[PDB]
Amino acid sequence: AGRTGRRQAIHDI
Amino acid sequence: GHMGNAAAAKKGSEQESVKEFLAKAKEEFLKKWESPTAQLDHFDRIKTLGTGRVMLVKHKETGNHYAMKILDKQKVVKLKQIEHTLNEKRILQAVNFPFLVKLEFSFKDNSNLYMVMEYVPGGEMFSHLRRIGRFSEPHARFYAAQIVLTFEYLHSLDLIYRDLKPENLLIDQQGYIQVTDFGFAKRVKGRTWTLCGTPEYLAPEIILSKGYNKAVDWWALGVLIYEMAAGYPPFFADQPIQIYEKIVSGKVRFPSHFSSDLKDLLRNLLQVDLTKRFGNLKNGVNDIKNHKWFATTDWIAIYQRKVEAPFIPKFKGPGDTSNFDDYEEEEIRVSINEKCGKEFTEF
Ligand SMILES: CCCNCCNS(=O)(=O)c1cccc2cnccc12
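Top to bottom, those sequences are chains B and A. When you line the first sequence up against the entry's author numbering, it's residues 13 to 25, in that order. When you line the second sequence up against the entry's author numbering, it's residues -2 to 33, 37 to 52, 56 to 350, in that order.
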C-alpha cells in the first residue's frame, strides 16, 4: 500500500 | 580491459569534450547570473494546469500560449519560502539547457508573484506513467538519460535541484522531457541543510537531518528510474513517517522483471553510504553514464534530440490541454494594498 496520486513537496520534517 | 583501444580513446575524448562544454556553459550562466518583463493584464487566463498554481495563459498581443505560475506572497512568507522563491526565479532566468523549461517573463503585483514559462503541452510524465502502469526499460532509459545530462549540467554550475519526480517532468511535442519546478533549486558549493523535497524521493541524509550535497539528486534519480520501470517507487507507504523509515533502512526489493543491469545501477544510486553512491565518487557522473544499463545510450544524440522518442503525445492545437487533468478553478484576486513589499523587493 502506498500513495498513488500526485505527491506534494514538503518544506519541513 | 572492457574497451579496446579505439573505444577507450573515443570515450576519453568524449569526456574531455563534456568538460569543454561545461566550462563554456558556466561562463554563460555566470554572465546571466550577474546581468539578468510583463504584467497580468497582458494575458488571458484559460485553464489551470496544476496546483500546489500554474495556469495556461494566452498572451494577448502575440497569441502565444504560456504556463504562468502564480504564487501568493503572504503564503510564501508564512511557509518560509521567500529565499526559495527568489532562487527559482534567478536560476530559471540564468540557465539554458534543452531539457530545462524556459522562463519568458516574471513580474509581481500587490498580492502575487508570477513566473511565465514555455507551455509544454504533452502533459506530466506522472499521468502517462500512471495510465500505462510502467515503462519498459528502453523507454525508462530514454527519459533517464535526459535527467542524467540535466543534472550533469546543473551540478557543474553548483546547482542542486532537489525535487525530481514524474510530476515535475513534462513531455514536449517531440516526446522529450522538460524539467519544471525549481522552487527548491539552490546554488550550493558543498553542503546545505534545508529539510525539503518530496517524501518518496528524499535521500536518507536529508531525512536524518545531515548537511547534504548534490548527491541527493543522484539518489532521487535512482528513485525515478525505479518508479518508471516498476510503476511504483522503491519506498512506498501511505504516510510520510512510514516512507522515511523504509528509506533509512535502505533495503530495496526489485520486481522480478527488472534486468540485472538495472538492479546493479539502482543499488549504486540507492546507496545509503555516500562513499559508495554513484555520482558522488572520484569518477563523478561517468560512473553513471558508463554503466552497462546505459551502454546503448548515445549521449550526444540524446542531447541533440535526434533519438526517436518512445512516445509522442497527441497534440491538436497550440492551446490544447487534453494531456492535463482538470483542477478546481479559483479566480486570481489582486488586493488594493501591497503585501510583503519589503520581503520581495529583489523579485
Ligand atoms: C505535484 C504536481 C506538480 N506538477 C508540476 C508540473 N506541471 S505544471 O502544470 O505545474 C507546469 C509547471 C511549470 C511549467 C509548465 C509548462 N507547461 C505545462 C505545465 C507546467
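It should be emphasised that the hints constitute simulated quantities derived from the structure, not laboratory data. Careful, some of the hints might be misleading.
[To be verified] Label-pair distances were calculated between CB atoms; the ranges are: (1) A:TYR330 / B:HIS23: 38 to 46 angstroms; (2) A:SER14 / B:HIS23: 33 to 41 angstroms; (3) A:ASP41 / B:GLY17: 17 to 25 angstroms; (4) B:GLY17 / A:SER325: 19 to 27 angstroms; (5) A:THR348 / B:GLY17: 24 to 32 angstroms.
[What the hints assert, rightly or not] Calculated pairs, DMTMM-like style, for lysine to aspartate or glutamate (alpha carbon to alpha carbon, straight line, at most 25 angstroms): (6) A:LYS309 / A:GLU332; (7) A:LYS292 / A:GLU121; (8) A:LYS292 / A:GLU11; (9) A:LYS295 / B:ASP24; (10) A:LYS249 / B:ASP24; (11) A:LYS28 / B:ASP24; (12) A:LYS295 / A:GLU11; (13) A:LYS192 / B:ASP24; (14) A:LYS61 / A:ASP323; (15) A:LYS213 / B:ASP24; (16) A:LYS78 / B:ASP24.
[Unchecked claim] To spell it out: a stretch of chain A is covered by chain B in this simulated footprint if at least three of its residues, at any positions, have a beta carbon under 8 angstroms from a beta carbon of chain B; those stretches are: (17) 78 to 85; (18) 165 to 172; (19) 198 to 207; (20) 284 to 291.
We treat Cβ as the ideally placed atom computed from N, Cα and C, and that holds for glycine.
To see whether the hints hold, each was checked on the structure:
no., hint, in the structure
1, A:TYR330 / B:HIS23: 38 to 46 angstroms, "violated (21 angstroms)"
2, A:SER14 / B:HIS23: 33 to 41 angstroms, "holds (40 angstroms)"
3, A:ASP41 / B:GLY17: 17 to 25 angstroms, "violated (35 angstroms)"
4, B:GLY17 / A:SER325: 19 to 27 angstroms, "holds (20 angstroms)"
5, A:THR348 / B:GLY17: 24 to 32 angstroms, "violated (37 angstroms)"
6, A:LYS309 / A:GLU332, "violated (38 angstroms)"
7, A:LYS292 / A:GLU121, "violated (29 angstroms)"
8, A:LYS292 / A:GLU11, "holds (12 angstroms)"
9, A:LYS295 / B:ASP24, "violated (37 angstroms)"
10, A:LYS249 / B:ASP24, "holds (18 angstroms)"
11, A:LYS28 / B:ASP24, "violated (33 angstroms)"
12, A:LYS295 / A:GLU11, "holds (17 angstroms)"
13, A:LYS192 / B:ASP24, "holds (22 angstroms)"
14, A:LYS61 / A:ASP323, "holds (12 angstroms)"
15, A:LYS213 / B:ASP24, "holds (14 angstroms)"
16, A:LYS78 / B:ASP24, "holds (15 angstroms)"
17, 78 to 85, "holds (count 3)"
18, 165 to 172, "holds (count 3)"
19, 198 to 207, "holds (count 6)"
20, 284 to 291, "violated (count 0)"
Of the hints listed earlier, those the structure fails to meet are numbers 1, 3, 5, 6, 7, 9, 11, 20, in rising order.
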